[PDB]
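Okay, so here's just one chain, in structure tokens, the form deposited without this ligand.
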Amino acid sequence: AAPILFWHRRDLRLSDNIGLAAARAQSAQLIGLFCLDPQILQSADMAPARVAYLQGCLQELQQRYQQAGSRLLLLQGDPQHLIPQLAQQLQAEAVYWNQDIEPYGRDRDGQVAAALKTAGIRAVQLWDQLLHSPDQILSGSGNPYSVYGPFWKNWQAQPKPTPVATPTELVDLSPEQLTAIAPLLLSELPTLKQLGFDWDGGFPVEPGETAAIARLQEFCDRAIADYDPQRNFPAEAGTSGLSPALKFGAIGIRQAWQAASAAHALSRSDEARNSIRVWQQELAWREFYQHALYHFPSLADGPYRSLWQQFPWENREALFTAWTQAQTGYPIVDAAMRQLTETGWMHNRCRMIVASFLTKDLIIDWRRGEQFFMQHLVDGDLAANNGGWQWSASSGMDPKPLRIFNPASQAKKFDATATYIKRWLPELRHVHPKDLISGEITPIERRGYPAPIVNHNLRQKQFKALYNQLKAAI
């Protein structure tokens, strides 16, 4: 026969899926597939929490396809070899999938497509994870943006796309077809343990399309109205917690935008309106960094701006280790690192703090931090993670004047009552917020909690000194 294969990667859902919808308009014999790629799964940068969330998403996706009328095929191996082989064995009319913005995915995709073209099989690659593709947002000179402001002004004025239809009444494969591909398939979805992973720390939102959609709806129904200023406080549960759903596509970007937009139209309060616009802004920042990675792939290599490619990083392994183990002695920093390692998620204000701390205070090549975050974030995303770490030094996009966060000031400003500190550092619940914020704790009252591993003021001067010496040397 002539079925169409849809290749899932970061769009683990049946609803509001550009590529899937386009494929369904071409054939009802729509068969989904997912390939466990060893280069990604065996990577030292793979987070256990991310594999757990992913596996949970795949489980639901299997059901969705089954309920739709067909199935989700599962494979394990090199994509450019297995996908074309599968398509050929199935004499596929075509293979569809949504475009990636990352170096690895785009290179791989080019290879799969070329392999398919050689086999004489059509490959269709459409944009789905962004409201606007990188090629849609360009300046008057037709160039990409490296500064947020102007990018936002353009992006904001562009007509927003709406959710596409969920495919239905699919036609499943026949025994003869199933026999032709048997050797390429896994008999069942491997469990987290079978893959060699273990995770018991939970998630910001339960895995799956259904849970993602429920969270989006619940958030936009209430919490979003207070997004600003509730977003600034780690102690408050003021954010959506949809990050992993967006990274793995458990939710469609158009559904997200439409939900927020409908909430803004329904709201009759200026403050709420503003809160919702602010949340929408976050989605814009998301596209700013994704577009940036797309347009400037070298960003993924580390410090982008020339000066920073030459920064004299101290790199004291011991300080890094202390940082990864939440033993820095800075309460606000340790409480954040603990939440990360224990739950695979961290409040953005906290990520900004620990990143600033690692880069500015500990003076460690921020790539070590970027890597550590990727090894633990359930939402670990190259574009966003790299953007965040380039940000800790203004070494990439949207650069700002040299600046160093003061842990105490941030803590006092965003966790004034030390509620968040106490929450993740229970062995310090007896200490007074006053001291947890200043980071100056008396030994006895400190119990086993380590003392600050560095003197902020001395580190601050050291960093500025190196910066200036280099700035001058250049």
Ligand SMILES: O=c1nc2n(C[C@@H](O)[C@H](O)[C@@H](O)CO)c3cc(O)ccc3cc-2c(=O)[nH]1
Contents of the next structure:
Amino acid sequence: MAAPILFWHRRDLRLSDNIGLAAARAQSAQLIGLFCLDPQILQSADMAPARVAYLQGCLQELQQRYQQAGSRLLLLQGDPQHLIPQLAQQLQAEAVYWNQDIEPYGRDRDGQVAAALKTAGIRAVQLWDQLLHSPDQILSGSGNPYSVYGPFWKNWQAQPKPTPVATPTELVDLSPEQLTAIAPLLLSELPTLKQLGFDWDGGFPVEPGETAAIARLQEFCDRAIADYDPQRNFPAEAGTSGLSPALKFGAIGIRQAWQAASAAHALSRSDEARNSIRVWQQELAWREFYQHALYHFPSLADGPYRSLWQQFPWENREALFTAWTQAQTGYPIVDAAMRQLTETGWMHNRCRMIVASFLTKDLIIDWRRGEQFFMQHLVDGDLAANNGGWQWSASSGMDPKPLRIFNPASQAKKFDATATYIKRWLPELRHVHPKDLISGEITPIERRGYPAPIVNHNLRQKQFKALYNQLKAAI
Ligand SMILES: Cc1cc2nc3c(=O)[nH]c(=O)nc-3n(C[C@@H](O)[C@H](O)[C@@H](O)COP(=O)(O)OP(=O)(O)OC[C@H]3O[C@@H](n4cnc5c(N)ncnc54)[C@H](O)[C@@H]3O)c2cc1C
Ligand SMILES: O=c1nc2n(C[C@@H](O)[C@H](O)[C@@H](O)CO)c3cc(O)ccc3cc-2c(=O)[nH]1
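Given the form deposited without this ligand, state the structure of the form deposited with this ligand bound.
Zooming out: every chain and molecule, the one shown earlier first.
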């Protein structure tokens, strides 16, 4: 009990399995939560309507959970460097708790806020919550960060795994006197999506909120997971969890997700299952690899990390970029993926690799243009993972690899052999023959209004290799 402790939420929108929140409840029952609508983020051109819609639904639930627990979630709108210390001063808060992040913006903001709180004589405690292992814990024998997945995985996998922490209960709300002291800093109501200027009708991979995310984890683990491998390969198959946005925003705790995978892996008697489960567990490790990477090498966010890739002579033809964004490339597998993206705010992972390779190696456009278009549409848009996926398409950052220019055709054959996914997103081509949809060779008569390939794959492959080889001669 005692004076109030403020817990500042940002990307951990849940009451359960929250490290910082659990640590705070151990210090006082007068635990008040807050979320600050930050214009520097919400007004950025990098916002996606699906993503704000998801965020807004998570906050609605969180307001309720706090009310049910005994206190409330305070809502502010403005610059946190200014509003957080002021709010804490007015409430003479004993401390302000929050969970650390890996993003440059987040880390700079947090330092300023912490500095301001100290100046005010108020304690700020920042703990690690969104990762099973913090960036400081996973280092090589020489005490250096990993820039290659292999060694990172062997280390990460051998570390003892933490257990989910308890959900705080029996909280005590603020008094009328305290509410009066802060009234001028508060928002009276959670704004609606239209009030923020966004609209979204495309649905979600998982419904917003802590309850839904938890329900989905349980469900994925009682059935799906067992078949993860190889079901995750096929875009037509609903083989993945659909939890990506819940993990981006912390609607589900990472220790709860790992624990569920552990349990499922033990109850499983089939060796095939035990494998699908271990494959999903590695996907959680890829997530941390990319988050630790941005933490250790922040410059990654600025563009190509490897020097030569910084000098690459991208062609950058706007006309090709536009057709890409509009799903008018003429390459079925590609256009189908781009339609799923813009219509639903989500895209199967195999398709993200395919459209990324396409933009970088076929269209020869600086991948940063693609990185930004993705952030503007993805419900799970996440700087670390998106930047990691795009650097991947060019081997310009972490975990590099030898050149390999994909053939959309081949990929289609491999992952959409029957063209089910393609026709799902390109109905105007339902009449066409799989063989044709996979190959991309459609007769002008049965293919309709649908465009012809905007580029010739083989001519593009040579062009790219040529630009790449010329360059290698001056590095
Ligand atoms: C170009 C590109 C951009 C990407 N952008 C994002 C993005 O902005 N946000 C995002 O969450 N993921 C991104 N990824 C990875 C991506 O494929 C997603 O994690 C998505 O497919 C998850 O769907 P799911 O939740 O069903 O995944 P599952 O297969 O169920 O995996 C479970 C969780 O593991 C994590 N994960 C899975 N694959 C990866 C991966 N390759 N890298 C990092 N984490 C991974 C995610 O948190 C995911 O929710 C990107 C990948 C590429 C190639
Ligand atoms: O504190 C906030 N965090 C927001 N975040 C959550 C976090 O990513 C976080 O603030 C930072 O750590 C990002 O550096 C958003 C993330 C999105 O992708 C989209 C919108 C937001 C909006 C906010 C916001 O208004 N306030």
